[PDB]
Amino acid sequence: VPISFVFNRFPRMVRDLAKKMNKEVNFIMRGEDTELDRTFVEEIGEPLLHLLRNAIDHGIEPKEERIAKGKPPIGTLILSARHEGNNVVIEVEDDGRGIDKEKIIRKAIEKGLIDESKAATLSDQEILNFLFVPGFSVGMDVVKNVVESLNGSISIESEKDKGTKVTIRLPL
């Protein structure tokens, strides 16, 4: 199928979520032509919807907050697909507040998963990996479990005030 069978439902959903959350969102879709196995298109919808929800809820800041921090007033959400080899790569990127890595660390210490000394030398990717720990947080463990049932991989990149990029790699 073209991935557009999934991507064509997101403009309405993002718009309804942005309206519910009183948030101004510039939503852009690219690579909707990208074709992949029907089993993927039937299952990739729900995980991508979760990621779009997360970006709009926890990521994108309200216009007035963006203006106070000197950002472009309306936040941007980009959903993309492309071919890489015999994989498909799907990206959800926002220019919102990003993931607070210091908050992750604090929570991880509170949950007994690491001590303060070990937290000081963690890389950014080991920190962000805490989000995939079942109910660490949102929902990144359940997104992971679906991608994994499709034999895909997922990664997250994030920087404070810069934004967040989640990338899903799928086989075929």
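For clarity, a rigid core is taken as the largest C-alpha set superposing within 1.5 Å between two forms. Positions refer to the first chain, counted from 1. What changes on going to the form deposited in another entry:
Rigid-core fit between the two forms: of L128, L49, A119, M29, the one residue whose Cα shifts 2 angstroms or more is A119.
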The other form holds:
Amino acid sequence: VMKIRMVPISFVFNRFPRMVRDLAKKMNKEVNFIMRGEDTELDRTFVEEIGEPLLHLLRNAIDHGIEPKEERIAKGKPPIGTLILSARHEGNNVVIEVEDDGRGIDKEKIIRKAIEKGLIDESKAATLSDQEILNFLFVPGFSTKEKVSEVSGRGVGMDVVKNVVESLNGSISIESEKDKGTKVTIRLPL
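Could you output the structure for the form deposited in another entry, given that the previous block was the form deposited in one PDB entry?
So it's only the chain below, everything else dropped.
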């Protein structure tokens, strides 16, 4: 129409609490799930396809993000991990993000695999801002772990999220730091 419907993101959110409660037990990892800005509004269109994205994001964080208990106090922190999902008003843009206080992705290691395959050389590397070094997992086929047979019929390249985000004219950023955690943003229009 010529009048799009804005709805609270509250709707797409209230669903996660329970799935996080499952992925938590499923992986035996008590995760303290926290949701903020639940009263933000976003186009009814976005709302629909926006569930899987954030979902995958929570999925990674609860699986790969949070670590088990002494690995945490041994690292120096609370036994219980914290997964924070949020969304506010930034200009005319709805900024959503999934912060976890995780283990976090390691940026030089990526280069070790991104280089052990050639999308960059030694020299470039020194010009890749932390952002660019991470944008790499956006590359279709970037994790070359799964490939020969253990290639299970399904999956979702972290690009389907840059797809679901790009089908939407969205933009995602990734900020990590070894053993502190990982913060992934998804800036959207309207």
